[PDB]
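*Asks:* The chain contents come next:
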Amino acid sequence: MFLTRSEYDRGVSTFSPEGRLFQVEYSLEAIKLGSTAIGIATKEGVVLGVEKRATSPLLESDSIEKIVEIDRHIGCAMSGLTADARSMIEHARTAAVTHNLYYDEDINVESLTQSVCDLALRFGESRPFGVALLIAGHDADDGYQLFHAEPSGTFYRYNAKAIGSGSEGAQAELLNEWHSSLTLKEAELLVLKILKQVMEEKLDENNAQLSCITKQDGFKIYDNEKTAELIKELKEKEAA
Amino acid sequence: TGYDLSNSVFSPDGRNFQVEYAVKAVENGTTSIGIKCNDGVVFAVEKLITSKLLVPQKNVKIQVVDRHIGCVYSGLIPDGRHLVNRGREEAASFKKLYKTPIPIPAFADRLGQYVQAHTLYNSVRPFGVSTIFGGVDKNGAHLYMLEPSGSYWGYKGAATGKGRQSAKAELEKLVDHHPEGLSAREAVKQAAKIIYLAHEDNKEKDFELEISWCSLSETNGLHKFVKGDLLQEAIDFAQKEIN
Amino acid sequence: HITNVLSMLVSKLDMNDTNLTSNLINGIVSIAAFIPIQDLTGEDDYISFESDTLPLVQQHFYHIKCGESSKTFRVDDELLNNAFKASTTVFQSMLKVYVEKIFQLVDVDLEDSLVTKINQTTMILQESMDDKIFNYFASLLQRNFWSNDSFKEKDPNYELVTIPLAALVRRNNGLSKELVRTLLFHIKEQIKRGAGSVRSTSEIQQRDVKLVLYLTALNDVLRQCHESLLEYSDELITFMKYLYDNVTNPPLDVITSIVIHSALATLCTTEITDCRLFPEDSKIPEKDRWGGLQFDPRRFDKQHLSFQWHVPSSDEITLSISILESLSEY
Amino acid sequence: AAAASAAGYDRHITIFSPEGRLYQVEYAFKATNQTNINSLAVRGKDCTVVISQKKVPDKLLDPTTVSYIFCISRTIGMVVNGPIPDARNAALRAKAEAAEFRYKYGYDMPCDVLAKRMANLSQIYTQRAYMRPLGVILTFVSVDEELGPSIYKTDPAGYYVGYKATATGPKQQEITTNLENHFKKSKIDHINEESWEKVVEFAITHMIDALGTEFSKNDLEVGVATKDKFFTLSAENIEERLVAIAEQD
Amino acid sequence: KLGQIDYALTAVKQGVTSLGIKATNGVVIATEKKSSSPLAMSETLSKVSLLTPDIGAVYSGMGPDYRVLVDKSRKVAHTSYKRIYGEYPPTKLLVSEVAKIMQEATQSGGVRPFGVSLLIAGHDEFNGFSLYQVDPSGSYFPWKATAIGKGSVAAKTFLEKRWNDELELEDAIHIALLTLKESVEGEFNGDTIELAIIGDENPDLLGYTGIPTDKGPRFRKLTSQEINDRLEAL
Amino acid sequence: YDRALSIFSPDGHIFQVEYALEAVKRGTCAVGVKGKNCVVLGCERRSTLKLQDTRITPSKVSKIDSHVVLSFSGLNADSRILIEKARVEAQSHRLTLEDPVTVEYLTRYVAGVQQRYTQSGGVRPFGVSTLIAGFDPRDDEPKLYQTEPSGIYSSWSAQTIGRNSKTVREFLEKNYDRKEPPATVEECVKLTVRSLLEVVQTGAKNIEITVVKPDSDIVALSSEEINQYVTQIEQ
Amino acid sequence: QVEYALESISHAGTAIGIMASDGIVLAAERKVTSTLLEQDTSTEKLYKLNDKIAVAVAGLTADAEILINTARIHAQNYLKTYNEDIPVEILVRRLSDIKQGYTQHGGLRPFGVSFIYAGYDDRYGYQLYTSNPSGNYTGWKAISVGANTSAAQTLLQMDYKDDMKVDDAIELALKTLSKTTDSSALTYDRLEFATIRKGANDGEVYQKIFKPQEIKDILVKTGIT
Amino acid sequence: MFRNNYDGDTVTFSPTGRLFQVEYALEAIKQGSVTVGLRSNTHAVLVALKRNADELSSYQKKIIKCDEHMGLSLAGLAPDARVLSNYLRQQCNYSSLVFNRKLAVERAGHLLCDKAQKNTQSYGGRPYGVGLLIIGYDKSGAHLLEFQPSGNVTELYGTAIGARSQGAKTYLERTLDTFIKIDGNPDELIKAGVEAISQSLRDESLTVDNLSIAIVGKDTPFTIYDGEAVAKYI
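Note that the protein sequences, when read in sequence, are chains P, A, Z, G, H, F, R and D.
Residue 192 in the working numbering sits at position 192 of the first sequence; the count goes up by one each step and never skips.
Here the working numbering runs 1000 ahead of the position in the second sequence, where the first position is 1.
Here the working numbering runs 2000 ahead of the position in the third sequence, where the first position is 1.
Here the working numbering runs 3000 ahead of the position in the fourth sequence, where the first position is 1.
Here the working numbering runs 4000 ahead of the position in the fifth sequence, where the first position is 1.
Here the working numbering runs 5000 ahead of the position in the sixth sequence, where the first position is 1.
Here the working numbering runs 6000 ahead of the position in the seventh sequence, where the first position is 1.
Here the working numbering runs 7000 ahead of the position in the eighth sequence, where the first position is 1.
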């Protein structure tokens, strides 16, 4: 093992000779270390899935929630639930309700994604802020949309995106599998298939949580029983 | 040993090394000069041509403040633009309040005070420019050079930038040989000669000579550019002299 | 390369960068300790530092800087030896810049260790000079000590100039008679002009600074006069009485009482006079002595290490007792 | 030009050293010697006088603009020993302070309240790590109606005191010793002459006798404090004082 | 362990000596006035100051800091008590406000402590005569006698030998002039010494007459002639 | 051993509360279990120095309102501020909405203050956890919650915050089953009894236990009843 | 994260509180100090809060006097609000919460002081308490803070009896201090002393913060010279 | 092995008169994908090669509309291009409602220089790390400006900025007399720009989504083409 350091490392708000801000680069790779979240967008819905930590049998429920409702139209997934994730979510919630009472109309998903990025450029009020988000929603202009909002205060729209544990091979299988033609059921099976591969081959309703956005029901997180029949549908469909 | 890293600090000599380093930025700039005439001021500069793609009529090195103050600078280009904007708004402020054109000495002090303030606080850096400016007012012709420390004096002729050594030496000959003072027409010709003589240290780059003047007889005391046949006559004087 | 480097080091001494100046003084003392400050040119009057040494330092540096090695660099031994002999003709120029830096450093807020180091390098330069360069340097230093702008600050480094003068008089006793009569004249001038007329316990006042300079110079020079005090002993004793009548500022009583200590101390002390790199403009170890015999196995030789030393005379002992009982009884 | 958070060591910002010294303030004293100009101020019987050297080696300067004597108000003036940018700053401040005082308190700013005010401003610059000391000594002069002929001197530490006479600059200790030995001889607190023509004459003599160089009209500058006028001498008026020194002896 | 306040204390321990002594019927505060030049007019700067007609101060350390402190201390004695209570403070109240001013500087980053220690002496109806030392820290202590600056260790040894609960103000002045005489850097006369009392009231120094309620300053700076009269016996 | 290529700080960041969460293990054991028709909290008593006055010592278990109780492990000084904040908030809710505070709202507000003392940075988090329990108004489902210094909160069928609370949790998992919990207060009490007598830093001064029953029936068992419950079989 | 502030008080002289069956007894010792430092002042050890409550202090007077004045203000405000004087428990809790805040809030510093609050009120009778920089407080039968805490608490433990009279608590405080004294004799000028008792004969709370002569009189009762 | 002492802050000068932190901000422009601008007398054109993170990603926005008569492009940094572009939108709206004028593109240039130079002069701040090519039309004709993060702006007939721009820039310098005479025909000016950007794509190839184009001048508002609209220019 050898050492590869540099004189411009840990430089805050400082360009290196190359024009690099290494702090925001470092923050942007810590997204590899969290719990796995996956988003699939289709003409039928946006599906968000996340790996759940195993819990004591005595735990009846908890306020750890890596998939969160922002609005009826908009849902969100984290790889970590630090104070900065809470700050971004309660900013996104306050941004949604203020737009609703101003225009009598639902916020566009790009405009909400832009708003949580502006919070990270402001640092609340060249620093990174908080954690990677997947942001999913439907609006009448740009349909079903999935965005990666980043600690840098910048973002991209994706057709499918994986964050957290598993990054290189997690997005490698998604670009191999994604179609314009995916049905919603098929997208759910695909996020469960990807979750099984990243989890070193374990899959229960106790370690996979699913959700989707549709126009008709909006954002909903699936019951353990709904994800359990979907896991059985995966287990038979791969064995067939 | 750390006295030269931030702007407020005195070194053990009692000098501000960040202002010593700001005048090194001025010394890397294009050479520019001014001449005080019998009734006015002439300014001249070597405009280095960096490529064919620059729109030739809209890159102008000489800068106009109010209508009677001409201005030129050497060193940082964003810093020169900022002092010229301070200058334009400082002159427009006096013109709005007193209804009369700002005295060149009063204008000079308002800039000197502004630039000196940027030597006080370590929350800022000095300006990396020297400004040569001047004009005609109620008291006649004035020529000023203002430096990164906020230091300024009145001059008979002033030079700053890369060619300043050669230009200062020639300007001393103008002053020695014309001790009554030069006419504005001869000062234009003689300024062209000094910019061509300054460019022979830098012959590797193309340049455009740019001249302006502000004279109570030739221009009614309004600052104007030397254009067409007089510019070409002054070029032909500088070209026979540089042989 | 070494006298080009010595010249470039001495030109680069700062008054703001005490850390760089400390590192330049380390270079200067290391060059001085090994090299003789001497001109090795015989009747070779055609050779000159520039056009002999520099052309061999511009070709050699360009050759090694463009990635080639010193092993590839071939030149005549004759061009090389002319480039060496011509290196040695530049020393009087370097010493003028050095004294001019020493008088600039008097005004600087230095540290006791850097001041001590600057004195050591000035003394090691002197012990490395031949009599020709030493006779030049002595006059240059004495001239600057009288004709300077260099004691304007609150609390100057007097030692940087006064230890060098005491070191001149250790090498040559013949300098002391004029330097000791010029100092006591200037002390009388400053005392008559009012120095030490205003009391303060805590400080040397700004009007006292020249009196303190000439008294500390007197204290330092008198410590090294030895058998040369015997020429002007009575004149010094009557001056000591005048000084103990006329000045009574409590900060100056310490400085003015060190005058007898230095006088009596030099009359009874046994110590080394001669520390020269090469003795007395004497012996013959060749002109190839850029190194001071350090590795040359002939360093241990009795004709190299024959030091004159100082052994108190009987006249110097009859004067030491005359000063001691005169002043104490006084 | 705003205040902000930034770092420094005990000799880059005004902070006590391990020995209680403020190096940034002692280094601002060395900045006062930078112009290499000596100045002298002395009290007459009903005036006070300030003489400055004038250096203009550069033949390309208009010598009319090189000026270290400043008019603060009709009654009061100053000489600055230090860099011209800091001198123009201190002059603009002292002019504004005097105008604001004549507005509020209804009489012209005394020379003891202007030196104090400027010394209080310099103390705020000696305890501030975000703003530096000025590299200047300010000598204020007027013929007050409360104390008469007045000299007050202020420095980069915000110390000030009143003076019988003073000199400021690179060679000031010789001027000061020659003034000390004048007052030790005459035993007055002033120069015993009834007209500003004889005091500006005596000050130029002492400046020549101390500095060992003669002055052309252009090598000297002059200030002449009289009740309801501080003023500076033009070169033809200074010529009168210089021509009255050659004819006298 | 040392910080910026231990260095401000070293600025005080380097500064010119001053002292305070409390007697049965008053208080003395006293110091040497040291001149930068013999051309300097030593009447034109005051070492000892009136804060209110019944409170006075003397310092040791950095003179310019003390001058800005006393300007603020006077403004503090006005905006606080004269302008709302209608009357001047007890010495305890003004010492707390002076210490609040000194603590604010040691606290704020990008400011340094005041390089002065203060002796504040005064009178009050409930507390009577009092003497307090205020240090660069913004801490305050009450004293029977004290000294600050260069001479303070020898001065405090002489004050420990000579203080007793029965001294009169006139004998405390003799002890004070003996204590200043030993530490003196310059000459010792009524022009180099500065000396004040807070003692009996002085109705002449009220500068007006009629209204029976006002009694004039308890505080009094001695003239140089009064000092020289005492120095003829001292 | 995440040095890899001798890498350090490649993420450039840190987040940490866990010094407070360790104090929450050091502190006295506190354990709570639902029944079918009750919730019982039991908390360890600290041994008391020879010269203390016991007459005014707080019960450790702490009523917020007639239907709701709070208990804690962690710093006692911090716990007072949370109990006082929970008591003023419970009075503030009960006044302003004309109905008693719901157990989840009380936990959400206690979690709200532990969140704000995490987020604000100029303060440390409180060195304490909470065991919030009782019944809602007009309800007979027993409800039982935890908060932690992190401001995370959770619902539990049984729970134990302490130093030796990993073996209590194993005994609770061994004997509790959410298909068929201890139904009657008799079983429920005897199971927090069996928990507390296993691994508490016990002595002659031992344990404080409180039964909550529906409709504001809140009762600390007597120092005799905690002894009557010691029914045993041994071999 | 406050234990250095608890180290601070350990040097600061000593205070003993002892509760009888019919009163309370505060004693404290002034540190020996410079001859010229003024003693006749407001900065002492045994202060007061209201006619029913007294405190003794360890730690710096500058941190003590702010809390003492806050307590006096809050006790005056309570008496003004309810026309019955503040309970001792509410005073110490109110003073325990102010002190906790300045320890948990990083914009502030922990108060380097620890007061022994003695008092009486009818909700719990005579109440002896200690509070320290952490903001915790405890009720006691006897307690001590500051210098010689450990040695004093052993002598308290082996002699204290729950049934003892106030006069026995006078003896026990004086005899504890004369056992654990840093000076090899004890004198009235180093000793500050107070009691809280049931009236002259009727129902009122009677404080005494003893004057120097009354201290001399109880020292010559108790056989300390 | 080396340790630059004079590049830690935007307010330090090098001993040679360099602002290294502003030079490193110019090095940030060469981190973003290539953009080209060019002009004639009647029209001015931007063309930009848009990058993406992955094949599932949307393309990053390179061209922004500031008003109906001007807009810019953004190589180097994306988020630094929105701070400047938002301010340039504000200043255009302000010029319409306060003066009843379209903002002059030279005036817009000075306003960017002003905003950028302030960051170059103040502690704690960082020079912008974005290079703007601004195009517009106003009463002086068609214009192109290159803004540099130091606070400087240049009037050009054409330029290229971003990674591997020297290819397109060298083609424009060689083609200058030709593309500046493309008047009354906007499509040939777009094709000359798309051929210029093709000299910077070293082996790479334009596609509908990888290419974006914008034009302004005479009768044509500022319009952006990307997606299927660039199909006739591939």
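The reader is advised that the hints may include incorrect statements.
[Said to hold, decoys possible] DSS-like, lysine-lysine: derived pairs with alpha carbons at most 30 Å apart: (1) Z:2210 x H:4033; (2) F:5174 x F:5190; (3) Z:2152 x G:3185; (4) Z:2192 x G:3187; (5) G:3171 x Z:2192; (6) D:7050 x A:1095; (7) D:7030 x A:1058; (8) Z:2210 x G:3095; (9) H:4013 x Z:2154; (10) A:1058 x D:7102; (11) A:1173 x G:3171; (12) H:4150 x R:6216; (13) H:4100 x R:6031; (14) H:4156 x G:3116; (15) H:4072 x G:3116; (16) D:7139 x P:43; (17) A:1095 x D:7139; (18) G:3045 x A:1138.
[Claimed, not checked] Negatives, chain R to chain H, calculated, CB over 10 Å: (19) 6035; (20) 6038; (21) 6042; (22) 6165; (23) 6175; (24) 6197; (25) 6209.
No lab work stands behind these hints, which were simulated from the structure alone.
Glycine residues also receive a C-beta, built at the ideal position from the N, C-alpha and C atoms.
*Asks:* Does each hint fit the structure? Answer for all of them.
*Replies:* So, going through the hints one by one against the coordinates:
This hinted pair checks out: residue 2210 of chain Z and residue 4033 of chain H have alpha carbons roughly 26 Å apart, not beyond 30 Å. For the given pair, residue 5174 of chain F sits about 15 Å from residue 5190 of chain F by alpha-carbon distance, which is consistent with the 30 Å threshold. For the proposed pair residue 2152 of chain Z and residue 3185 of chain G, the alpha carbon gap of about 26 Å is at most 30 Å, so the pair holds. For the hint pairing residue 2192 of chain Z with residue 3187 of chain G, the CA-to-CA distance comes to about 19 Å; that is within 30 Å, so the pair holds.
Distance hint between residue 3171 of chain G and residue 2192 of chain Z is fulfilled; the C-alpha atoms sit about 20 Å from each other, no more than 30 Å. Annotation: proposed proximity of residue 7050 of chain D to residue 1095 of chain A is violated, straight-line Cα distance about 50 Å (limit 30 Å). The hinted pair formed by residue 7030 of chain D and residue 1058 of chain A meets the criterion: a straight-line CA distance of about 27 Å does not exceed 30 Å. Among the hinted pairs, residue 2210 of chain Z with residue 3095 of chain G is inconsistent with the structure: their alpha-carbon atoms are about 40 Å apart, more than 30 Å.
Annotation: proposed proximity of residue 4013 of chain H to residue 2154 of chain Z holds, straight-line Cα distance about 20 Å (limit 30 Å). For the given pair, residue 1058 of chain A sits about 20 Å from residue 7102 of chain D by alpha-carbon distance, which is consistent with the 30 Å threshold. A C-alpha spacing of about 35 Å is found between residue 1173 of chain A and residue 3171 of chain G, which places the hinted pair above 30 Å, so the restraint is violated. Restraint check for residue 4150 of chain H and residue 6216 of chain R: not satisfied, since their Cα atoms lie roughly 42 Å apart, outside the 30 Å limit.
Among the hinted pairs, residue 4100 of chain H with residue 6031 of chain R is consistent with the structure: their alpha-carbon atoms are about 26 Å apart, no more than 30 Å. For the hint pairing residue 4156 of chain H with residue 3116 of chain G, the CA-to-CA distance comes to about 34 Å; that exceeds 30 Å, so the pair is violated. Distance hint between residue 4072 of chain H and residue 3116 of chain G is fulfilled; the C-alpha atoms sit about 14 Å from each other, no more than 30 Å. Restraint check for residue 7139 of chain D and residue 43 of chain P: the C-alpha separation of about 48 Å exceeds 30 Å, so the hint is violated.
With a C-alpha separation of about 28 Å, the suggested pairing of residue 1095 of chain A with residue 7139 of chain D holds against the 30 Å cut-off. Restraint check: the Cα-Cα separation between residue 3045 of chain G and residue 1138 of chain A comes to about 40 Å, which exceeds 30 Å; the hinted pair is violated. With a closest Cβ-Cβ approach of about 5 Å to chain H, residue 6035 of chain R is found to fall inside the 10 Å limit, against its non-interface label. Not every CB of chain H lies more than 10 Å from the CB of residue 6038 of chain R, the least distance being 4 Å, so the non-interface label is violated.
With a least beta-carbon separation of about 8 Å from chain H, residue 6042 of chain R fails to lie farther than 10 Å from that chain, contradicting its non-interface assignment. At the 10 Å boundary, the C-beta of residue 6165 of chain R stays outside the reach of chain H, the nearest C-beta of that chain being 38 Å off. Under the 10 Å C-beta cut-off, the non-interface status given to residue 6175 of chain R relative to chain H holds; the minimum distance is some 33 Å. Residue-level check passed: residue 6197 of chain R sits 30 Å from the nearest beta carbon of chain H, beyond 10 Å.
Every CB of chain H is more than 10 Å from the CB of residue 6209 of chain R (nearest about 19 Å), matching its label as outside the interface.
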